[PDB]
Amino acid sequence: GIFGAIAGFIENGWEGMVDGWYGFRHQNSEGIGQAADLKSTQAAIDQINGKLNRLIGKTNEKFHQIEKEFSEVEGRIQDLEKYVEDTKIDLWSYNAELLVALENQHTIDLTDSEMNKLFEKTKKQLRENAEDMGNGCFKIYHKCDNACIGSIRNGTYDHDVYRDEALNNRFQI
Amino acid sequence: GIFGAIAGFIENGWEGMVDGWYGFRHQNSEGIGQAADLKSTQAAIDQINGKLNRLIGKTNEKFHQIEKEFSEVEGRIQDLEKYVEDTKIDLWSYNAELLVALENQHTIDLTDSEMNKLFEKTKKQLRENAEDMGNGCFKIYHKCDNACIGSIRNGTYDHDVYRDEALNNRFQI
Amino acid sequence: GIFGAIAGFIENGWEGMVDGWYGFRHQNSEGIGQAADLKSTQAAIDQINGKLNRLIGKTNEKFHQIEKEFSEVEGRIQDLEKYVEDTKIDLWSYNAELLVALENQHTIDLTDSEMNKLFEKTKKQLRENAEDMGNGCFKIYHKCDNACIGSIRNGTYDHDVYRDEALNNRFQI
Amino acid sequence: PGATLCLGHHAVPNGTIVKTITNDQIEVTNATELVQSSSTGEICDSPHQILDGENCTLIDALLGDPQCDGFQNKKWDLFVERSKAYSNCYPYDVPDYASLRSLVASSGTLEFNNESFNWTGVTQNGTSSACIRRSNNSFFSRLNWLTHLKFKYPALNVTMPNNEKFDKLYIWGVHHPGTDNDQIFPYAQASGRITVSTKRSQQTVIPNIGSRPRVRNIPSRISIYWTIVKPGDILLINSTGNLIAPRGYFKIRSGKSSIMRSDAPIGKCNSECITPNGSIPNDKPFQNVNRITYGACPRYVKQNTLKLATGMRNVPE
Amino acid sequence: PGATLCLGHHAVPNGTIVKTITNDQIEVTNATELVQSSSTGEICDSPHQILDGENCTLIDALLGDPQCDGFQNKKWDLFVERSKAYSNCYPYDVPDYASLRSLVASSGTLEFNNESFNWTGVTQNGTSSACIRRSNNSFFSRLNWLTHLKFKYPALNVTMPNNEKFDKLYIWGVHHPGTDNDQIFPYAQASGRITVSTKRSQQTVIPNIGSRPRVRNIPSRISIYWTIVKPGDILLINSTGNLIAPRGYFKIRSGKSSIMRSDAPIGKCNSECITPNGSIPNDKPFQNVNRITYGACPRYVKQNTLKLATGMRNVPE
Amino acid sequence: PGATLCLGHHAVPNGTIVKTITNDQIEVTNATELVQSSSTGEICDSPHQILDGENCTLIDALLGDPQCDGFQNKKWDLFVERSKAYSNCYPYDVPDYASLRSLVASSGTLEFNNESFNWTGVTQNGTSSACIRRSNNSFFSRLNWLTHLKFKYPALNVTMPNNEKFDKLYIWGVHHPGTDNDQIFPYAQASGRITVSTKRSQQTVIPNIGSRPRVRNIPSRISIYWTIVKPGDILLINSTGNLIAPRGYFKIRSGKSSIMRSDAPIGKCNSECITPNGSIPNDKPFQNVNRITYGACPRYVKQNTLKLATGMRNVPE
Ligand SMILES: *[C@@H]1O[C@H](CO)[C@@H](O[C@@H]2O[C@H](CO)[C@@H](O[C@@H]3O[C@H](CO)[C@@H](O)[C@H](O[C@H]4O[C@H](CO)[C@@H](O)[C@H](O)[C@@H]4O)[C@@H]3O)[C@H](O)[C@H]2NC(C)=O)[C@H](O)[C@H]1NC(C)=O
Ligand SMILES: *[C@@H]1O[C@H](CO)[C@@H](O[C@@H]2O[C@H](CO)[C@@H](O[C@@H]3O[C@H](CO)[C@@H](O)[C@H](O[C@H]4O[C@H](CO)[C@@H](O)[C@H](O)[C@@H]4O)[C@@H]3O)[C@H](O)[C@H]2NC(C)=O)[C@H](O)[C@H]1NC(C)=O
Ligand SMILES: *[C@@H]1O[C@H](CO)[C@@H](O[C@@H]2O[C@H](CO)[C@@H](O[C@@H]3O[C@H](CO)[C@@H](O)[C@H](O[C@H]4O[C@H](CO)[C@@H](O)[C@H](O)[C@@H]4O)[C@@H]3O)[C@H](O)[C@H]2NC(C)=O)[C@H](O)[C@H]1NC(C)=O
Ligand SMILES: *[C@@H]1O[C@H](CO)[C@@H](O[C@@H]2O[C@H](CO)[C@@H](O[C@@H]3O[C@H](CO)[C@@H](O)[C@H](O[C@H]4O[C@H](CO)[C@@H](O)[C@H](O)[C@@H]4O)[C@@H]3O)[C@H](O)[C@H]2NC(C)=O)[C@H](O)[C@H]1NC(C)=O
Ligand SMILES: *[C@@H]1O[C@H](CO)[C@@H](O[C@@H]2O[C@H](CO)[C@@H](O[C@@H]3O[C@H](CO)[C@@H](O)[C@H](O[C@H]4O[C@H](CO)[C@@H](O)[C@H](O)[C@@H]4O)[C@@H]3O)[C@H](O)[C@H]2NC(C)=O)[C@H](O)[C@H]1NC(C)=O
Ligand SMILES: *[C@@H]1O[C@H](CO)[C@@H](O[C@@H]2O[C@H](CO)[C@@H](O[C@@H]3O[C@H](CO)[C@@H](O)[C@H](O[C@H]4O[C@H](CO)[C@@H](O)[C@H](O)[C@@H]4O)[C@@H]3O)[C@H](O)[C@H]2NC(C)=O)[C@H](O)[C@H]1NC(C)=O
Ligand SMILES: *[C@@H]1O[C@H](CO)[C@@H](O[C@@H]2O[C@H](CO)[C@@H](O)[C@H](O)[C@H]2NC(C)=O)[C@H](O)[C@H]1NC(C)=O
Ligand SMILES: *[C@@H]1O[C@H](CO)[C@@H](O[C@@H]2O[C@H](CO)[C@@H](O)[C@H](O)[C@H]2NC(C)=O)[C@H](O)[C@H]1NC(C)=O
Ligand SMILES: *[C@@H]1O[C@H](CO)[C@@H](O[C@@H]2O[C@H](CO)[C@@H](O)[C@H](O)[C@H]2NC(C)=O)[C@H](O)[C@H]1NC(C)=O
Ligand SMILES: *[C@@H]1O[C@H](CO)[C@@H](O)[C@H](O)[C@H]1NC(C)=O
Ligand SMILES: *[C@@H]1O[C@H](CO)[C@@H](O)[C@H](O)[C@H]1NC(C)=O
Ligand SMILES: *[C@@H]1O[C@H](CO)[C@@H](O)[C@H](O)[C@H]1NC(C)=O
Ligand SMILES: *[C@@H]1O[C@H](CO)[C@@H](O)[C@H](O)[C@H]1NC(C)=O
Ligand SMILES: *[C@@H]1O[C@H](CO)[C@@H](O)[C@H](O)[C@H]1NC(C)=O
Ligand SMILES: *[C@@H]1O[C@H](CO)[C@@H](O)[C@H](O)[C@H]1NC(C)=O
Ligand SMILES: *[C@@H]1O[C@H](CO)[C@@H](O)[C@H](O)[C@H]1NC(C)=O
Ligand SMILES: *[C@@H]1O[C@H](CO)[C@@H](O)[C@H](O)[C@H]1NC(C)=O
Ligand SMILES: *[C@@H]1O[C@H](CO)[C@@H](O)[C@H](O)[C@H]1NC(C)=O
Ligand SMILES: *[C@@H]1O[C@H](CO)[C@@H](O)[C@H](O)[C@H]1NC(C)=O
Ligand SMILES: *[C@@H]1O[C@H](CO)[C@@H](O)[C@H](O)[C@H]1NC(C)=O
Ligand SMILES: *[C@@H]1O[C@H](CO)[C@@H](O)[C@H](O)[C@H]1NC(C)=O
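Protein chains in written order, with the authors' numbering: chain B, 1 to 173; chain B', 1 to 173; chain B'', 1 to 173; chain A, 9 to 325; chain A', 9 to 325; chain A'', 9 to 325. A prime marks a further copy of an entry chain.
Careful: at least some of the hints might be erroneous.
[Claimed, not checked] Straight line, CA to CA, 30 Å or less: simulated DSSO-like cross-link-like pairs of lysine-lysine:
1) A'':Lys173 with B:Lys58
2) B':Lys62 with B:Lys82
3) B':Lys58 with A:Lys276
4) B:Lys68 with B:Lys58
5) B:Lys62 with B'':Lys62
6) A:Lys264 with B:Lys82
7) B':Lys139 with B:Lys121
8) B':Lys58 with A:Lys173
9) A:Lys82 with A:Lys238
10) A:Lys315 with B'':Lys62
Keep in mind that the hints were calculated from the coordinates and are not lab data.
Bound conformation, chain B alone:
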């Protein structure tokens, strides 16, 4: 949420996108389509797996410890034993609560970041051939068939090819 894309200027997610986390929808002469962006998807996924690698399967061996349950009242030394274990448990419980809360804030933010970077990258690619509608969509001011759309998704779109067509359409009356 800190970048403003997911649950901000992108109004909602797409339940019909099942082959990626981020992607593109288009309307042109040839119809209306969808395609996932793998690079931004993998960038988010790699980062989350990085956090998982630091948390899953990383446990520490302990062996002989102290007693933690007692059948008799004994006073002083038993008080200290219980106090040590209760102290320890509150500190770890605090660590666990904080960890999850911080990691979760960061995961939400990094995923919004990936969305934002894709949007920005695409905006720069289109140069003067398109305008930002404010809701994650670009109005493209030239005929842009499926191969042209494909070229924007693959990073091969040559904006000079369409520039004349686009400037004429953009700065019309």
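Dock chains B', B'', A, A' and A'' with the ligands against chain B, hints included.
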């Protein structure tokens, strides 16, 4: 500070804005005015209250513990009792220092973020009818009376209505 | 990485820049040059020194403690002494690991942020006289000699002086 | 002509300084204090059951020093011992005083059931000039000082089974007489000996004749010991002299109770958190009032202030 | 005409709720559980060497109660004591029972080497009706009950040097006879006394005649003590009666071993982490099954669930 | 024609790897080490007052073993005990040795005021072949070995009041003679007994005749005990034999002092942090040199290195 708006490209805050955290100032034909943006204000406030809910009024009950002050010298067992409590206190003191320092960095950043999102949202809304002066202000290239300014603040500004007027003024000689 | 500039739309760093962390390269009529930006460099450096001030040279005095090595087997009380110290050490070791990992994520992000703010500031400065090529470079659509480039770096560039020249070159056929 | 539209943010004339990860002093529009650093000075009598010890330690009220007769069978969430407290009965000590104090404090009751021990062959209810109850010579209310009958003290061998569903806590003692004269006068023979046992435990105690420095004119001493007896188990007292015997048992519970050293007065007020300096509010997560606390309390930290920002950075006009 | 190009992100019909720094409930596309909260209920017999105590405590197997004869010289990573356990030999106690239990548990072996002590002048191998081995009257396998020879018990003064490269652990005891009849019958004189010493240590024990409540019809008791003897050091037993003597020593090691109270059954399965409720998987970093653990275990926390987000915020269509 | 303007950032040819939240290996332009992992090997003699024990334990210097006569009345911030240390006076032990060592270490002084105890009726200043001072038979400098005068040892009953404004620390002992011959020769009667008391405390000790394995040819032992006496309180020694008596008291302070086992040599150098491996710098916040530390020290952690990034990510050309 991490987004660059508060204490960055916005030179300073406005002491005369008392009805909100973020807002708009304008100059047009009808004069010079100010109005708070409630949505971005509430977004920041909700987030800060969220942190407060996690810190204020959330204490844990403890009852019988160990002794922490002593009238006699005793050696071994008293050393352990003092050591346990001193250990505990340094760890909590560390937790408290870190917590405040991290939360404070995040609060400063989230508030700069809210400022930035508002600015970006407004920039997209104006389309080709305005340019960014670089200091948080837009030069709007058309007659924009109080109802027009109002419409930009309320998200109802129709950029097509003024586009011709604005492009003519923008790309003049 | 969270802002998308360093190891994102800026393809790589410059080993030949040794007088600053961030800067400018240009090509114009008078040749090809480089100059560091001191303000953004110092902004990053101040922030990192801030973290260092909180970690370097800030130690806490301890004096008489408990025994931590033992020549005899004793059972109960020795178990508790060892357990307390082992508990303490795991908690600090956890604090140290988390601290470094969080600070390192933040340092990487704040430095990418400084790069991004400089880029954005420069983009706004150029107004309609330049376009973003998508890789950290601006194509400037007017004759821009060394004094003009200097003026963009020093925040004194007057975009109105070149606007006519630039719009004519930009919206050509 | 056109128009200008500026985006912006508020600022205040009275900023406050907070710490961050990258800067020890940055001014924000508003902040809140996270460390509680003051008390009103009074221990609130609600919502926890406070028992003011006044002139009495927990142990004195347990043993039954006459000035502590008001404490018989009382309960508490928190027992408060005062520094002005003092003993005014027979001089004594408790090996592992700290542990008995702790286990009683934690049980949180002085509920005492009397029991009829078969003490035939000896004289019961011994008294002294050092333990005055209602101007008369008396003793510890919960203890039974046993002496000779007709200048004779036979081998005592007394049993008491715990057929109840709770633990019983037995408090008992041994008289260490001050001279040879005070070993032969009350017990009629040169050397006492005590052995308190159960199916799982035995404690044996040898009395020890000799002078101690006098405490309230008395050079002898009593040494106090305790024995817990479980359901199905049985108490057994063998003695050949010097037995300071129980009159019954204490109920030992488990619960939330404890004890605290404080001289703060007790107030008519409601507060969840008690420290020795007085009750403190518990809205804040941390406090630097006292490491000793009872109830729902903020955690003790070394810092005196920790400001959490509750507003944006303050950038004045 | 032109075209439209929309950037966007996925969403799912079944979101889950996670906590964040700024919001206690935000829905994400996917999450993973960080707290392990269940066991299958069985203690896996691998990869740690489990020794099921069954009817025997560690101490009973140590002392050599006949029903624990199966345990002679065994090793363990983890010794499991059962609540149904019980003693069926001579009634005893151990001052600092907890510490002996701990140091043996932690040594992780019951390896016992016999030694030939010069016990001339007394009768060895005393037995009793309370310690039945193979229908006959017997005793603790590792202890040697010494009584008079020809109604005489001379001053024992027996030495055993540790010329080995490891510590030796000696377990020994003192008989507290139930009446005066059982002090004169086996030892031939009114008062025993034991003194076990080394170059660095001495322990002296006075036997104590008197009845305890009977345990399995027996009103006498044995009190167990231990002595560790280093390389170059020497054990010395002076005794004038009542010595329950060692037959040799235990090897005391250092290692990874311990003991755990549990009634979970032992399964044929592989699991690194054992709790008293059973083995638990150790993929998660935290667990709320039990504060008592052994092996490579998740850390115990008070929470029952902690969801880590593994996907973006879920913003449905 | 026009111009091109590129924004960019530096990079270096020699990057270093750091850990982050999302990646265990990312290269940054520069980093700094947060764990101190080395010492020079010497304990710096400043700024803390170091007392090298050399051949003496703290307890030996306390008791006054002749080779420790150089230590009389010394102070320390840190007392350093050496593994080569050894005793060369009368064989002894201290029940709760660890606690006496700790409380003296922590007091941080051996300041001793002599006191004139009224020891009439006995011979003072007993000596032995096992405690050689200046080629002559001697004893512990702070202890006073009392024996018979004219083959008689009356009941000692000696008082010493603390009218000072500080606690007094009294060290005393009991001789356990090696045979019956060494109980009758020096004390003139079959059985000693000692009772040291105050208004708040009593310690009674029964001597115990018998051989221990010989240590430096001696089979007897001394057992050392201590008594702290507060202002307004009084020390009392009843004895009927075997008293190893004090010659006075130690001042017990509170402060910053302690003790450390180390074989590192003492250097002429300045360092705030001492470990047993030597002094270490304290610029870094963490260290993995030793869990045992004294002074202003980095905190001990299990890791050997922790790199903090001090520069941006390194993205080479
Ligand atoms: C600077 O920051 C702090 C923290 O954000 C902020 O202080 C908070 O302000 C609110 C409102 O002033 C406080 O909320 C009150 O809490 C008390 C309980 O302790 C209640 O009595 C109050 O109830 C009022 O409103 C209710 C109706 O909604 C009524 O039931 C009632 O009659 C009251 O009128 C109210 O909930 C909050 O306690 C503080 N928090 C702290 C930690 O101080 C402060 O306002 C900020 N300053 C500025 C200038 O913005
Ligand atoms: C071992 O030594 C100790 C210490 O010396 C000793 O204890 C002391 O005994 C004396 C004598 O019995 C005590 O003296 C009494 O103290 C009380 C209270 O302070 C006084 O009121 C007494 O005054 C009466 O006796 C006087 C002497 O004849 C009369 O002149 C006067 O008019 C009174 O009748 C008396 O002084 C003293 O208190 C204790 N001291 C301590 C610290 O306990 C002990 O008796 C010795 N042990 C043995 C077995 O002898
Ligand atoms: C929601 O989030 C979680 C966490 O990101 C995610 O669960 C994870 O999914 C992966 C893949 O489904 C799991 O990885 C498996 O781990 C087990 C070991 O425990 C292995 O047996 C698996 O191996 C497979 O693939 C291998 C080839 O690469 C083969 O060797 C083998 O034959 C298997 O086919 C595999 O590595 C991972 O354990 C879970 N993690 C957790 C914590 O559950 C889940 O997929 C996400 N849900 C959605 C809908 O995206
Ligand atoms: C100190 O007091 C205790 C408690 O009173 C006392 O211990 C008890 O001793 C008696 C008598 O020796 C024990 O009684 C026996 O208990 C067993 C097992 O329960 C019974 O089988 C015995 O029955 C026989 O004796 C009966 C009496 O004549 C016959 O009628 C019967 O047919 C059997 O032959 C017998 O009742 C009792 O068990 C103990 N109790 C406890 C709790 O230990 C102890 O003896 C006293 N000490 C001294 C030194 O006197
Ligand atoms: C990689 O990162 C690290 C950390 O940012 C960085 O090392 C630091 O560099 C500075 C300057 O080189 C060091 O500062 C010095 O500290 C010592 C005290 O320990 C002082 O003696 C130094 O004083 C100098 O300057 C003073 C004038 O201002 C004079 O008084 C004096 O005569 C000295 O000339 C100076 O303050 C700092 O200690 C290190 N920190 C660490 C942790 O190493 C390093 O430079 C970075 N590398 C690169 C290539 O950028
Ligand atoms: C209880 O048993 C122990 C262990 O056996 C016993 O202690 C031992 O006593 C003997 C005899 O007194 C000690 O032997 C002496 O040791 C010293 C030092 O090593 C030697 O120098 C002595 O040599 C002299 O005596 C020899 C024998 O006649 C002569 O031949 C020689 O020339 C010397 O004059 C002598 O061997 C032995 O050291 C101790 N051992 C230990 C471990 O302490 C103890 O005496 C017994 N207790 C009782 C009360 O009897
Ligand atoms: C609460 O009471 C504690 C304990 O008495 C106070 O801490 C002591 O303060 C004095 C100064 O008057 C110091 O000399 C002592 O070192 C402190 N004692 C201990 C045991 O730490 C504290 O000042 C009081 N706090 C408040 C807020 O009233
Ligand atoms: C594992 O065993 C522990 C200990 O028996 C269980 O915790 C106890 O649960 C009961 C409820 O049946 C409570 O009355 C007790 O307070 C708990 N005892 C202790 C000592 O904490 C726990 O329920 C079991 N956990 C699982 C996951 O099976
Ligand atoms: C400082 O001294 C400690 C303690 O002697 C060293 O830790 C020991 O290292 C040896 C290896 O030589 C291990 O076998 C032991 O397990 C360690 N002992 C303990 C008690 O932990 C350590 O190597 C030294 N450190 C430095 C930096 O010199
Ligand atoms: C773009 O990429 C897809 C596969 O990823 C390919 O099938 C398509 O032909 C490409 N189109 C263009 C115009 O580059
Ligand atoms: C904008 O909103 C304000 C109240 O929030 C309203 O009074 C005003 O008339 C609105 N104007 C337009 C043009 O939408
Ligand atoms: C820009 O700044 C540099 C020094 O920082 C100066 O030498 C140069 O002349 C300046 N040029 C202009 C055009 O402002
Ligand atoms: C600033 O001033 C007001 C008015 O006196 C006061 O109530 C408020 O708490 C102050 N804020 C801060 C953050 O000091
Ligand atoms: C407590 O003792 C003091 C001093 O002896 C006395 O003045 C006061 O009346 C006593 N208070 C109570 C409540 O018994
Ligand atoms: C002992 O004291 C109580 C209470 O004063 C009394 O009722 C009881 O009868 C006394 N015991 C005897 C044996 O007289
Ligand atoms: C959502 O549904 C699928 C299909 O049943 C399931 O496997 C998946 O785990 C669910 N995801 C979450 C996060 O609940
Ligand atoms: C354990 O004791 C019980 C009850 O006395 C008995 O039924 C069982 O056979 C014994 N089990 C073993 C393994 O010895
Ligand atoms: C004592 O018992 C063992 C084993 O039953 C036996 O071999 C040994 O000879 C016995 N000792 C004597 C002195 O008979
Ligand atoms: C890189 O090289 C220089 C020159 O030798 C060296 O001083 C510097 O510390 C190195 N930096 C890192 C981060 O290794
Ligand atoms: C310490 O003792 C050794 C070995 O007995 C001796 O060589 C050395 O001189 C002594 N050192 C001191 C400082 O007394
Ligand atoms: C005991 O020794 C000291 C010091 O050697 C001496 O001055 C003192 O007079 C001796 N005591 C007696 C009673 O001779």
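message = Checking each numbered hint in turn, tell me which of them this model violates, lowest number first.
response = 1, 8
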